[PDB]
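For reference, the chains in residue letters:
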Amino acid sequence: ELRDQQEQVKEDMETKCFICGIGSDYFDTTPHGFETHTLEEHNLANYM
Amino acid sequence: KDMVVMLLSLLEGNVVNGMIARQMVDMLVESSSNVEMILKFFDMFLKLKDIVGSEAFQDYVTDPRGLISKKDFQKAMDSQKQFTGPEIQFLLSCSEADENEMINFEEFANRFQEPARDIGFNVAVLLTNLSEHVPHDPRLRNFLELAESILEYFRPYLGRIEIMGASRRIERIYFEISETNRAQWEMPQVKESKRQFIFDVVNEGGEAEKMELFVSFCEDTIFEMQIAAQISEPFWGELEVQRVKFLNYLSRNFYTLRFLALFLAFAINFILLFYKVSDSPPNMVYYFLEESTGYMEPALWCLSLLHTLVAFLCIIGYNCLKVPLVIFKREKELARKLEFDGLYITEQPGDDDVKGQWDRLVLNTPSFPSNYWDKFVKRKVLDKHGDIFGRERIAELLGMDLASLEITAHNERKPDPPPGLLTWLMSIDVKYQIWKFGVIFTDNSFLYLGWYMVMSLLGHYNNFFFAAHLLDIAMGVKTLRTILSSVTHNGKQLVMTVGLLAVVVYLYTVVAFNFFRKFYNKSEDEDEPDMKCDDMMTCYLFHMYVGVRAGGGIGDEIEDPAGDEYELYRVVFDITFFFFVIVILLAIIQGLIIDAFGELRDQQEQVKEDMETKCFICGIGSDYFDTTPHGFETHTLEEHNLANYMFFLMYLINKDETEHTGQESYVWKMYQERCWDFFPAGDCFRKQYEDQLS
Amino acid sequence: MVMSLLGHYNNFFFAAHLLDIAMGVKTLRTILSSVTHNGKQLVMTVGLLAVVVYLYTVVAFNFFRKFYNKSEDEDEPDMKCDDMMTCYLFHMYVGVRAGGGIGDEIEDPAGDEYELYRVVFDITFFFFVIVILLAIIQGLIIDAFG
Amino acid sequence: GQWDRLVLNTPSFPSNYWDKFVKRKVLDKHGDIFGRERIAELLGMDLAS
Ligand SMILES: Nc1ncnc2c1ncn2[C@@H]1O[C@H](COP(=O)(O)OP(=O)(O)OP(=O)(O)O)[C@@H](O)[C@H]1O
Ligand SMILES: Nc1ncnc2c1ncn2[C@@H]1O[C@H](COP(=O)(O)OP(=O)(O)OP(=O)(O)O)[C@@H](O)[C@H]1O
Ligand SMILES: O=c1nc2[nH][nH]cc-2c(=O)[nH]1
Ligand SMILES: [Ca+2]
Ligand SMILES: [Zn+2]
Ligand SMILES: [Zn+2]
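Residue numbers (full-length UniProt numbering), protein chains in the order written: chain A, 4942 to 4989; chain B, 4021 to 4254, 4540 to 4587, 4626 to 5037; chain C, 4796 to 4941; chain D, 4699 to 4747.
What the hints contain is simulated information worked out from the structure, not anything from laboratory work. Please note that a few of the clues may not be correct.
Said to hold, decoys possible - Only pairs whose alpha carbons sit at most 25 Å apart, straight line, appear in this in silico BS3-like list of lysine-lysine:
#1 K4723/D <-> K4101/B
#2 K4957/A <-> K4230/B
#3 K4721/D <-> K4550/B
#4 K4957/A <-> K4581/B
#5 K4090/B <-> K4069/B
#6 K4090/B <-> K4067/B
#7 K4951/B <-> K4957/A
#8 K4723/B <-> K4998/B
#9 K4727/D <-> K4067/B
#10 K4021/B <-> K4095/B
#11 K4672/B <-> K4214/B
#12 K4951/A <-> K4835/B
#13 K4672/B <-> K4718/B
#14 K4698/B <-> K4835/B
#15 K4069/B <-> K4021/B
#16 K4101/B <-> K4721/D
#17 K4230/B <-> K4865/B
#18 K4718/D <-> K4095/B
#19 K4698/B <-> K4550/B
#20 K4581/B <-> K4865/C
#21 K4951/B <-> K4675/B
#22 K4718/B <-> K4998/B
#23 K4951/B <-> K4951/A
#24 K4723/B <-> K4698/B
#25 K4067/B <-> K4718/D
#26 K4865/C <-> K4865/B
#27 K4951/A <-> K4230/B
#28 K4951/A <-> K5012/B
#29 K4727/D <-> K4069/B
#30 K4581/B <-> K4680/B
#31 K4835/C <-> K4581/B
#32 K4060/B <-> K4727/D
#33 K4835/C <-> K4951/B
#34 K4757/B <-> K4672/B
#35 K4821/B <-> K4835/C
#36 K4865/B <-> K4835/C
#37 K4211/B <-> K4865/C
#38 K4998/B <-> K4957/B
#39 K5030/B <-> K4957/B
#40 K4581/B <-> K4550/B
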């Protein structure tokens, strides 16, 4: 149970944007789209 | 061929139903008769080359010289029902029949096979391109049908990929795959490397490094193909040719030698099962075999010598077969970090990276890129960083002579290469060799083979050291390797829980020493007792040795507490020991092992489902492609085949840059700049022309 | 057929037909498929167990031969580890089946020059053989169920 | 595949399978290129019948 909790959290972070909830599949139409979205567009550190 | 190449250049950057492609189709229709004549010329000789090899044709062949009469050829060819009468007459005319009307079909069939190959391939490429970009012109299906044999012939060599092109659109690229490249890609070792790479990336990789990793894998695979080609098989000169023949032999048969070593170890150990120890000769004892045959003692010595020799040969084969790839990968990563990052020019790793600190020995060596293909990495690093950090400083860092660059650009020198061992002596780059040997000695496979060596040699000092080689089955057998990985998967957890068990047993030992010391008399004697808990160390040994191994805990071993002032305290002590130590902690260990089993299985399943559900290149799921029947299968076999990207990289490397097309030059430039934006990401040809195709 | 016919030669060959319940009952068939699912793994891990027990047998023969006297008699001893084959049989027969490993069967090492060596021998045998490998087998069965 | 070689030339190879003309189809498909008489011997057919 503990292992699958950790895996679930990791996959959620690597698959959806923490802010807007849009999945990585939409952003990935553009190359590295999700990476740029989570580093520049909707970075939670930036909201902080 | 040149004219068809010009036409293909006209089709560059051509959309579906583009007007240049439609004009090309109208041209081909306007010259339909001549195009059909060309296609009939190609298919006739393609069919001839395969007919001459038929047993039906060989039945007609009767002359012992290997010739056939014209009349026999005439009656044989029409029996196949593949040519018309005029075509058979034309083939007879083209046959160089002698005055005796005798035909050498062996050379007749092969006469035009080689001259017509390149033009045949380009005609096939042209027809494929036009068919895929003008999918709704019925005038072109006729040409495709007339070229059906040509297209079927060149199907294994017609490589196609898709890229995100210069025009911000997905473009389809057609190129050529060679027989040698395809055959090398089909080798079992290469297929295993591909499976391992796919597993690594899909399992423990992100979506960002995927294409860089794939291209690095392609480069490594190209190098492995070169090594395989080199080791493949079809007084100083004599000894050198024999030495390289021997080294290639060891390299080719490395795995058979490995299996032979394992088999020899099993045989040795089976002999060793017959050992016996006796005081009488065959106050110290004698060890000797106990068998009736009388041949086991000689057989053991012979097998020990043979096994040591086989181990040595395995070492040599490994350093001739895998070590080149090890050094290649290391040189390649070091060079790219020097150039694109300035590892030792700007950042200077901080002594905690043993790899980076060890790589400092190779920078100034004359021969730093020995296995890596790039012999101009130092020039590139200098041209990139010398202005800002000092050209002379960079030259000293990389061991370059600033004066020699100009003369090397000026002209080429042809010195005397004297084939003498004395002259070869000083030519050894000792610093490079020390670095290379350090890299090799820090390699797991080489270390394992060296340990195999050492234990095999110690087996001669004492034959029971050959028992250690029985452990080789774990690495020899993928099944054992998976099973033992199911233990090593949670090794840190296992060590930590054993430590926790030691701590809890120590706490129980403290309690027992302070209070329950009476019960630890393990002597049935009445006048000399053996108290196991009159000392911390003795009591702790006793607990960790007997209490953990007992089924019911320490209470099984120590004395009965019934009828004592401390009965309840001691029973709580015993029950809690049994529960925390015997039940819970051993359950934790077994659970870690079982969980590792499940984790490995679900990793394999995840990789398999990912491969069977998404395209490895573009990331589009199988559900989109499956709208068309077998859409995902065709997409992964024709449109976005990763083997085709590997083959395309090989093709670009081999081809001349002056001969590169526009698309090829584009991909080549972005390859050299390490920019992977040409890989179609989230988009494909079918998606881009959904409207026109549908 | 063959076992039914042999049952007339000896009626106890009819006991073999009691095994038919595995194929007769889908429940038994599923349960036994839960064992056969990882049969290659089970055979391989039993082989690995044989190898590790053999390594322990080699160590015991070379060093701990004194402790393998399984005779309460004082003048005629029964030494179980004066031979490779006898010692290996002894280990694979009693050490694997013992709850605490081979140390449960062989003599006490207290008050010997090799006490610490022998206790390490015993604890490692118990952990690698009794705990880890049997846990692997049971885990293969449970994983096949899942 | 090696055991199936015993049944090819049998008079009654498709006994349970519904297709009693499989040999005729195989001959009509491959006999021109590989030899009609050779195929007939392989499948145990009589070309005259
Ligand atoms: N809004 C968001 N802001 C930041 N990260 C986000 C957001 N939504 C999703 N993520 C994901 O959170 C993940 C966590 O990023 P982070 O750099 O903290 O992890 P990491 O890989 O463990 O870090 P590092 O390797 O730099 O130590 C990112 O990889 C990203 O995919
Ligand atoms: N771009 C891609 N190129 C190739 N295969 C891809 C790609 N994307 C996904 N795949 C999937 O990778 C799978 C692996 O194919 P492969 O032929 O190597 O496997 P296999 O079935 O084990 O092989 P074989 O049975 O021929 O030995 C394919 O079935 C395919 O669905
Ligand atoms: O640009 C390259 N040049 C090469 N030569 N040999 C292998 C090469 C490669 O991957 N890339
Ligand atoms: Ca040019
Ligand atoms: Zn967002
Ligand atoms: Zn794709």
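Each hint tested on the structure:
1. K4723/D <-> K4101/B: With Cα atoms ~17 Å apart, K4723/D and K4101/B stay inside 25 Å; holds.
2. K4957/A <-> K4230/B: With a Cα-Cα distance of about 19 Å, the restraint between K4957/A and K4230/B holds, given a limit of 25 Å.
3. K4721/D <-> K4550/B: violated, 53 Å
4. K4957/A <-> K4581/B: Violated, at roughly 69 Å.
5. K4090/B <-> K4069/B: holds, 17 Å
6. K4090/B <-> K4067/B: holds, 18 Å
7. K4951/B <-> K4957/A: Judged against 25 Å, a Cα distance of about 23 Å means the pair holds.
8. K4723/B <-> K4998/B: holds, 23 Å
9. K4727/D <-> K4067/B: holds, 17 Å
10. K4021/B <-> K4095/B: The given pair, whose Cα atoms are some 35 Å apart, is violated under the 25 Å limit.
11. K4672/B <-> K4214/B: holds, 16 Å
12. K4951/A <-> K4835/B: holds, 21 Å
13. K4672/B <-> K4718/B: holds, 15 Å
14. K4698/B <-> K4835/B: holds, 24 Å
15. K4069/B <-> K4021/B: holds, 22 Å
16. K4101/B <-> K4721/D: The hint holds at about 20 Å.
17. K4230/B <-> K4865/B: violated, 65 Å
18. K4718/D <-> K4095/B: Status violated; Cα separation ~33 Å.
19. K4698/B <-> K4550/B: violated, 34 Å
20. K4581/B <-> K4865/C: holds, 18 Å
21. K4951/B <-> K4675/B: violated, 31 Å
22. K4718/B <-> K4998/B: holds, 19 Å
23. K4951/B <-> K4951/A: holds, 20 Å
24. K4723/B <-> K4698/B: holds, 23 Å
25. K4067/B <-> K4718/D: Violated, because 33 Å separates the two Cα atoms, which is more than 25 Å.
26. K4865/C <-> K4865/B: holds, 20 Å
27. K4951/A <-> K4230/B: Between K4951/A and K4230/B the Cα gap is close to 18 Å, so the pair holds against 25 Å.
28. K4951/A <-> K5012/B: violated, 37 Å
29. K4727/D <-> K4069/B: holds, 21 Å
30. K4581/B <-> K4680/B: violated, 61 Å
31. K4835/C <-> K4581/B: With a Cα-Cα distance of about 35 Å, the restraint between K4835/C and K4581/B is violated, given a limit of 25 Å.
32. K4060/B <-> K4727/D: holds, 23 Å
33. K4835/C <-> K4951/B: holds, 21 Å
34. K4757/B <-> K4672/B: violated, 32 Å
35. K4821/B <-> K4835/C: holds, 11 Å
36. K4865/B <-> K4835/C: violated, 45 Å
37. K4211/B <-> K4865/C: Outside the cut-off at roughly 56 Å; violated.
38. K4998/B <-> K4957/B: Judged against 25 Å, a Cα distance of about 32 Å means the pair is violated.
39. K5030/B <-> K4957/B: holds, 15 Å
40. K4581/B <-> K4550/B: Given pair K4581/B, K4550/B is violated - Cα atoms ~45 Å apart, limit 25 Å.
When the structure is compared with the earlier hints, violations turn up for hints 3, 4, 10, 17, 18, 19, 21, 25, 28, 30, 31, 34, 36, 37, 38 and 40 and for no others.
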